[PDB]
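*Asks:* Each chain, letter by letter, is given below.
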Amino acid sequence: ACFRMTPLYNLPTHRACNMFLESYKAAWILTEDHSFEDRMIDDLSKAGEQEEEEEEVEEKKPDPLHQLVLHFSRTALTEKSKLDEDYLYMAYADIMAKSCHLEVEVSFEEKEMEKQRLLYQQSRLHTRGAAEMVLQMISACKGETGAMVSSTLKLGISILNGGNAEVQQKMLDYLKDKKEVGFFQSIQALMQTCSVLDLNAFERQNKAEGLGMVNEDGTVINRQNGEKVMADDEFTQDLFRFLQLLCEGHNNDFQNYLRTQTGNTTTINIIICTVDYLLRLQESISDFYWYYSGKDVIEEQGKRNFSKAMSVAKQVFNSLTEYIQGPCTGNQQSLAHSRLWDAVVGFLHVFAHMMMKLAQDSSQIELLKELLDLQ
Amino acid sequence: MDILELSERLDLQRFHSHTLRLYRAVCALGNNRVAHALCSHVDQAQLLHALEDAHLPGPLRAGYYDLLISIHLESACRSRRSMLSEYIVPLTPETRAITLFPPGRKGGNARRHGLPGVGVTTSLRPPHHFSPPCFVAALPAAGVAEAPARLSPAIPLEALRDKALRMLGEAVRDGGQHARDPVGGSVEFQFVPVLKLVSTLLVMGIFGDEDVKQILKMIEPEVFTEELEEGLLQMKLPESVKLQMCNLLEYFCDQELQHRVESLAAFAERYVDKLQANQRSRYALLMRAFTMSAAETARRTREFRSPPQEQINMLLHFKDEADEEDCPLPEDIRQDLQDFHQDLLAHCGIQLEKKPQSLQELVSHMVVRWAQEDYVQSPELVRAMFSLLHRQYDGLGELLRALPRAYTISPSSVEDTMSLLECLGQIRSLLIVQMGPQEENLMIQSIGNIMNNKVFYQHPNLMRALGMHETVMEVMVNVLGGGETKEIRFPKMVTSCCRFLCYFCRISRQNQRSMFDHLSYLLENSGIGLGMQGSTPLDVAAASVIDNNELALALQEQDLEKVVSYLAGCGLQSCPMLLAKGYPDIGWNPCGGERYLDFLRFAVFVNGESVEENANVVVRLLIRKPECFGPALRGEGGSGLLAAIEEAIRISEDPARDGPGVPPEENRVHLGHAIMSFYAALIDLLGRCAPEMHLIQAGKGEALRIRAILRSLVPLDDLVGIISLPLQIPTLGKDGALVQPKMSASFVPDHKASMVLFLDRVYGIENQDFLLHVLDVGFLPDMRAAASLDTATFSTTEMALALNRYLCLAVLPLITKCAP
Amino acid sequence: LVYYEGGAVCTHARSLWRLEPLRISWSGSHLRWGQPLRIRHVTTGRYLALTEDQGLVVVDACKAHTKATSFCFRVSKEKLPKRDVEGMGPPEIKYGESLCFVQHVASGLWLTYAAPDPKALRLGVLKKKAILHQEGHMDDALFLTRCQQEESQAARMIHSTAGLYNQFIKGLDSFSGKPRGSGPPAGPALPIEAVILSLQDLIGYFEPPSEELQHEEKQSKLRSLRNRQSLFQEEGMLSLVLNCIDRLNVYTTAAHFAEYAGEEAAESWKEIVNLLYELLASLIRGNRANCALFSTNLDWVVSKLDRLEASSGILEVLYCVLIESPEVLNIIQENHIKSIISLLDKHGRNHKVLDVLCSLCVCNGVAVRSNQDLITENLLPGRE
Amino acid sequence: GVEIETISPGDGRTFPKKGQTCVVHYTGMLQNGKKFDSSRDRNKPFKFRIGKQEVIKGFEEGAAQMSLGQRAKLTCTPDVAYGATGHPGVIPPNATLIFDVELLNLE
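Chains as they are written, first to last, in PDB author numbering: chain Z, 3634 to 3736, 3749 to 4020; chain C, 1648 to 1874, 1922 to 2046, 2088 to 2397, 2410 to 2567; chain L, 244 to 323, 327 to 630; chain D, 1 to 107.
Keep in mind that the hints were calculated from the coordinates and are not lab data.
Keep in mind that a hint or two might mislead.
Per the computed footprint, the stretches of chain D lying under chain C, defined by three or more beta-carbons under 8 Å from a beta-carbon of chain C, are [what the hints assert, rightly or not]:
#1 5–19
#2 41–48
#3 65–76
#4 88–97
#5 100–106
Below are the BS3-like pairs computed for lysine-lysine, each with C-alpha atoms no more than 25 Å apart in a straight line [stated by the list, open to error]:
#6 L:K365 <-> Z:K3821
#7 Z:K3787 <-> Z:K3694
#8 D:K17 <-> D:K57
#9 Z:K3873 <-> Z:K3756
#10 Z:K3823 <-> L:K320
#11 Z:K3823 <-> L:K365
#12 Z:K3713 <-> Z:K3658
#13 C:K2447 <-> Z:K3940
#14 Z:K3787 <-> L:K467
#15 C:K2447 <-> Z:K3679
#16 L:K424 <-> L:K310
#17 Z:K3852 <-> Z:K3693
#18 Z:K3693 <-> C:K2013
#19 L:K310 <-> L:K365
#20 L:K320 <-> L:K306
#21 C:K2360 <-> Z:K3679
#22 L:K424 <-> Z:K3821
#23 Z:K3815 <-> L:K464
#24 C:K1930 <-> Z:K3694
#25 D:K35 <-> D:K73
#26 L:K424 <-> Z:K3715
#27 L:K320 <-> Z:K3694
#28 D:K57 <-> L:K584
#29 L:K424 <-> Z:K3787
#30 C:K1864 <-> Z:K3658
#31 C:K2013 <-> C:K1968
#32 Z:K3713 <-> L:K464
#33 Z:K3824 <-> L:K375
#34 Z:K3679 <-> Z:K3694
#35 D:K73 <-> D:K34
#36 L:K467 <-> Z:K3824
#37 L:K464 <-> Z:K3715
#38 Z:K3658 <-> C:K2090
#39 C:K2360 <-> L:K365
#40 C:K1930 <-> C:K2090
We put the CB at the ideal spot given by N, CA and C, even for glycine.
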């Protein structure tokens, strides 16, 4: 068809404009970047020019930014069987999230400037109840994964960067006095729904790219439609990153809270469930080696599936490290009485044969060095 | 008594206010037939006078305003409002005149922003339809569910908009007077009902350009000066009317977004033409480049040997300036594009003193002012204002979320698109109303109009962008969910929708992936649709799978195991509708089974080749549950397939057990044939699940195992006996008439073709002795039969053509294969 | 008959068993292993035991002879009752952990589900009957988990609630015929004061939270109200009150009620019939399940609109169902609509009637044109 | 089958025949005096084409009887009106109709 395929000038004007628009947005508008998030928070954080009366009572009526959090708190505390998607909550949560970070022998005297500015930016949010709003939304998603809970976890990380001490204090206090079970019920449900490596789906994808499908109005070469393996790879990453940030800074009080909740009616051991998920990832990474054990070289999509699975495994190990550092004797006993050892021996078996196979050539120097930092 | 007396008679006022609420309720949600009836009780003169009656009480005034809106404006406003979310921009000279900024001389980057809602909009929106309210006209001879749907009652709109502008001016000036006697009894009762009318007329587009100019002067005079009278924004209004203020602004902001989209379409119109001309000239230069070039021309002609989708992507790929070498566009066109990007982002206010000087700055300043002045207590008002604030800041994001619904159309097909938009209007309006026969006829006519509209094939991308497949899916979901325990009421429009979705999938592959995301939902909904006969939703599921390899074959194992569990139930229980029609009781449903088996046939066999991943999985699911195969081959108690085919022949040929015994029903179930077709489908399905020949020689362990499994389940000898089983041959007799059998109640060549496919794929013919063994027992009488029936009379008969297709599709290639 | 039932069945009050010890003092002491103690069902007021004709079954408290009712919670199936301690003693048995095997202290038999699974369990909901097996299976381990105090208080209330109204119903139908004439009543005097006091207690118990409450805590009060109302309907008193109205409503007036129940109950007739209607409204208020149950017997309330003893209560009761259940509107026929319109003619211009009519036109944003046309057909052209 | 009664004399010599549109400012009323319809509330004359039975036959025959420019009163029985079927939600079944017909002009 290529040599007989009609040139561009022969296309009708309306048809040509139709795919012209989608190409223009994909190449010029999506690529364009607009930095307005910080200026939005700056505008919403000023409760100015209404203080002409300066009343003694000083009830401290909420500033515009505080009104967002209060409105998003009530829509999450209201009683609904299913929590629906709000495009406005998507936008404002993402704006709040990416309005916080804003980021070779740099010295520590100017290094502390960015940190104390970041702490100021997080203080701008958590001083208005945003920490509890995040807690409510997580306990309100009922274990149903989606863009809503992903945006909520994104905001919780952006407000918890560097392990904010007072933020962890507020989150722990709000859980301790509310004594609600649904928060950890959701955390367990979301984590249990996290996807693992799938050989059958990988083989199906390999056949799909072998066929190499094309559309009608033109042609896309080796189409990059959504991969059915590690589709929620970033969601599994930042869920454990959020859990790690909650225990970061050796918050022993919260560390014992994860292992057991004395105030709560029922106890859900997040640490044990975390080990169970790591076990499932261990099996999936083991059989994905065993697929390539007979083979000699690792292809392009294969090594990408290693890279993203290993990055998730790294995040899991960092979260486990933060669970037990301090040291936390309760967690140490829980790990001892868990199935962690089976994952440890299985990973060691995997690591041996990855290092031996991948060292035979210089084409997997990356996948070796990202391997090496994982153990 | 005087109506104004109700300001003291609180007992009567509350009741009559509720009466007006009831008048809105009966005419609510497009009940235009009742709305015409209410014109008798409350007329145009009363409603128009009641608008201007300044001494009317609060609830009565608001009730009368909202009643006027409900009777005359709500249906048109609702349908037009839904139509505003899509931007179908035709290519017309008036579209070509659309620009981001009015022609001015302020600055090279951008000029002052044009007045919102002022100008021309070429976006396609259906015109409103109104029927004047008359009661002296004769009662129509047409009955219910056949007569055309009533339109909204008419009312003078130019007079209504002028009265609204005059009244709003009176209210605004009275607001500035700080009077102690507000109209209706409060500021809220003075401003909320009139602003609802203003918002509704603005949405309907009744107001003209000058009318919009007057409104902008009233809302904010000094900012909106094109080049006491205090604007609305300085009137320290209560919370309730602030919501209507936001509703006005999100309309003006919508108008600005539409103006931007139209400008993009106009720029696309010009840019495509000049880019095509440049590409044509470059192609002509390439035609003479072979004199002064060599084999490196492949990189220059890569554009013309590559499809246009990435041609434009390469041509447009010069934004970051690090890729200018690849792009062959001249710098004048490159300047044209980057200039239009510059004023486009300037129009969105990216980059380029208390005066806002624009709607974008004014809305943000006002909303922030409202929030910081007091603690807003209305959650809806909070969500309303922050929707506006987000839209003002995220100028590009809203454009990025509006471009996927944008589309351009040919000027010669505008009336056809105008018609399909009108037809889609009823379709959208019927999802908010309980299903009825009257609505059923209207939607069936609407669907047929979509069929007869040629644009439905010309532009599938637009048809996908409108998302009709979604709406037609939920209008089914209402029916399936409604009464799923008892019976699926009104199947007439259900089969019409299924026929539409099935006809929709075959349009293109992208239309097939749109349905592909909705299988497990649809298959789940097909659990109760088995009682209904015709175009079942299962056929929609199959139609989303046929003739597609990479996309359509990603069905999950959970889907397959749940479908085969349905097959197990159908092979375990009789059809309830069959039992209800007096049919003799047999412990399994053949029609339901054969319906599942043709779906599983399409699930595993695509483009003449079996699918390895689907084949073993489905065969494993059937082999776990022996009841799926039916009463035959169950194990112990499962008779041979020759016994099953024989008893199916006797049941079909002998009445009083083949049917009700009391096709006349046009889908008259014949049990013996249905059982026989079930077994034929089962053999056909296994044959299509057979491992491929090229895989057999590779020595694959599971491919060999699966082939041995099918050979062990289905013995070859019974298949030979089925081939040797005779046909019902049409004869010549009974005054020379065409003595022909009943197709759906007699033995057919199609079931024999299903036998042949299993033969040529599972067992195969490898030696002469077994070749000629089958040839002289079953093939020779049939092939002679087709030639004998090939005469001056019977050659055109349905049985003869059945033999012709049967031999030429499956039988004849098998002997052609085994010719050596 | 006691089973091992799954789903939301056992999160209700039917699965509440009281560990009543044999000790008079320190009955709340922490349980050791194998302490003899009875088992009580609070919602029915009966005690678990093993009898002769039908094995391990719950029996009336009057026949809890401490032999077949006493049971011991043993650590394992191995063969293992110590002295009572004047205090809590050692805290050993934990809530949600510390698995126990319940064995009959007298018969020495262990709890176990009935092994056969019939054709009902072949395709239907999986519930298995418990049999006091001689040796027991391996998976017969049992968990003990906490229950909330407020619902436990309701559980104790629900039994006395059944007892008083069931006894009242038994008193009521005793004079179904047999007019008193001029002599004494048919039988024992009715508990009018006890019933009325119970009605006031239950109506206040089911009062919805006030509007002016803060948005946060109010939602929790809604959850408490939904839970308590769901339990009461699940225990069946929504039907019981309907029986109370059905028994009383067949008498035209209080003087006609005096002919059967006696003159002493004539004065209280108006009060009891009203308060039952408000209690019924409180039960059905805000509940999807309870409002949806009146679709089947929708004509019951509609048939009683013309009664003069209680019109406001019945109209508000009707209002609660319509404003929550969309499917109830689909059941409404022409006769009901004309009857509701007749309420305006037989009771004056009551504005709540129009509220009912407004509710009829639209359910939760979905128009019901089958009822809108009937309303405007029967009401608007009359002009009266 | 209808009864007419002139109210104010107009032409008295010209009759509305086939070929010209009939324009009226009518005012229909119920048997009990409950006004339900008119044209002057809408402030626009009502135009209808004589001949194709688009309007009710009693009104048609009355307009045919009465002359041009002559204000009239009509009376339509249910036998010549919607009758037993009745106009839905407007006119009750089997209702006598009274019309304050003003044939202002033809064409």
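*Asks:* Run every hint past the structure and note whether it holds.
*Replies:* So, going through the hints one by one against the coordinates:
{"no.": "1", "hint": "5–19", "result": "violated (count 0)"}
{"no.": "2", "hint": "41–48", "result": "holds (count 5)"}
{"no.": "3", "hint": "65–76", "result": "violated (count 0)"}
{"no.": "4", "hint": "88–97", "result": "holds (count 4)"}
{"no.": "5", "hint": "100–106", "result": "violated (count 0)"}
{"no.": "6", "hint": "L:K365 <-> Z:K3821", "result": "violated, 49 Å"}
{"no.": "7", "hint": "Z:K3787 <-> Z:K3694", "result": "violated, 32 Å"}
{"no.": "8", "hint": "D:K17 <-> D:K57", "result": "holds, 15 Å"}
{"no.": "9", "hint": "Z:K3873 <-> Z:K3756", "result": "violated, 42 Å"}
{"no.": "10", "hint": "Z:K3823 <-> L:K320", "result": "violated, 41 Å"}
{"no.": "11", "hint": "Z:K3823 <-> L:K365", "result": "violated, 47 Å"}
{"no.": "12", "hint": "Z:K3713 <-> Z:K3658", "result": "violated, 38 Å"}
{"no.": "13", "hint": "C:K2447 <-> Z:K3940", "result": "holds, 17 Å"}
{"no.": "14", "hint": "Z:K3787 <-> L:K467", "result": "holds, 20 Å"}
{"no.": "15", "hint": "C:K2447 <-> Z:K3679", "result": "violated, 72 Å"}
{"no.": "16", "hint": "L:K424 <-> L:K310", "result": "violated, 46 Å"}
{"no.": "17", "hint": "Z:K3852 <-> Z:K3693", "result": "violated, 63 Å"}
{"no.": "18", "hint": "Z:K3693 <-> C:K2013", "result": "violated, 49 Å"}
{"no.": "19", "hint": "L:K310 <-> L:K365", "result": "violated, 36 Å"}
{"no.": "20", "hint": "L:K320 <-> L:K306", "result": "violated, 29 Å"}
{"no.": "21", "hint": "C:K2360 <-> Z:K3679", "result": "violated, 69 Å"}
{"no.": "22", "hint": "L:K424 <-> Z:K3821", "result": "violated, 65 Å"}
{"no.": "23", "hint": "Z:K3815 <-> L:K464", "result": "holds, 23 Å"}
{"no.": "24", "hint": "C:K1930 <-> Z:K3694", "result": "holds, 18 Å"}
{"no.": "25", "hint": "D:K35 <-> D:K73", "result": "holds, 14 Å"}
{"no.": "26", "hint": "L:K424 <-> Z:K3715", "result": "violated, 56 Å"}
{"no.": "27", "hint": "L:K320 <-> Z:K3694", "result": "violated, 65 Å"}
{"no.": "28", "hint": "D:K57 <-> L:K584", "result": "violated, 32 Å"}
{"no.": "29", "hint": "L:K424 <-> Z:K3787", "result": "violated, 59 Å"}
{"no.": "30", "hint": "C:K1864 <-> Z:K3658", "result": "violated, 36 Å"}
{"no.": "31", "hint": "C:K2013 <-> C:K1968", "result": "holds, 18 Å"}
{"no.": "32", "hint": "Z:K3713 <-> L:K464", "result": "holds, 14 Å"}
{"no.": "33", "hint": "Z:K3824 <-> L:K375", "result": "violated, 36 Å"}
{"no.": "34", "hint": "Z:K3679 <-> Z:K3694", "result": "holds, 12 Å"}
{"no.": "35", "hint": "D:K73 <-> D:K34", "result": "holds, 16 Å"}
{"no.": "36", "hint": "L:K467 <-> Z:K3824", "result": "holds, 16 Å"}
{"no.": "37", "hint": "L:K464 <-> Z:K3715", "result": "holds, 19 Å"}
{"no.": "38", "hint": "Z:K3658 <-> C:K2090", "result": "violated, 33 Å"}
{"no.": "39", "hint": "C:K2360 <-> L:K365", "result": "holds, 18 Å"}
{"no.": "40", "hint": "C:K1930 <-> C:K2090", "result": "holds, 19 Å"}
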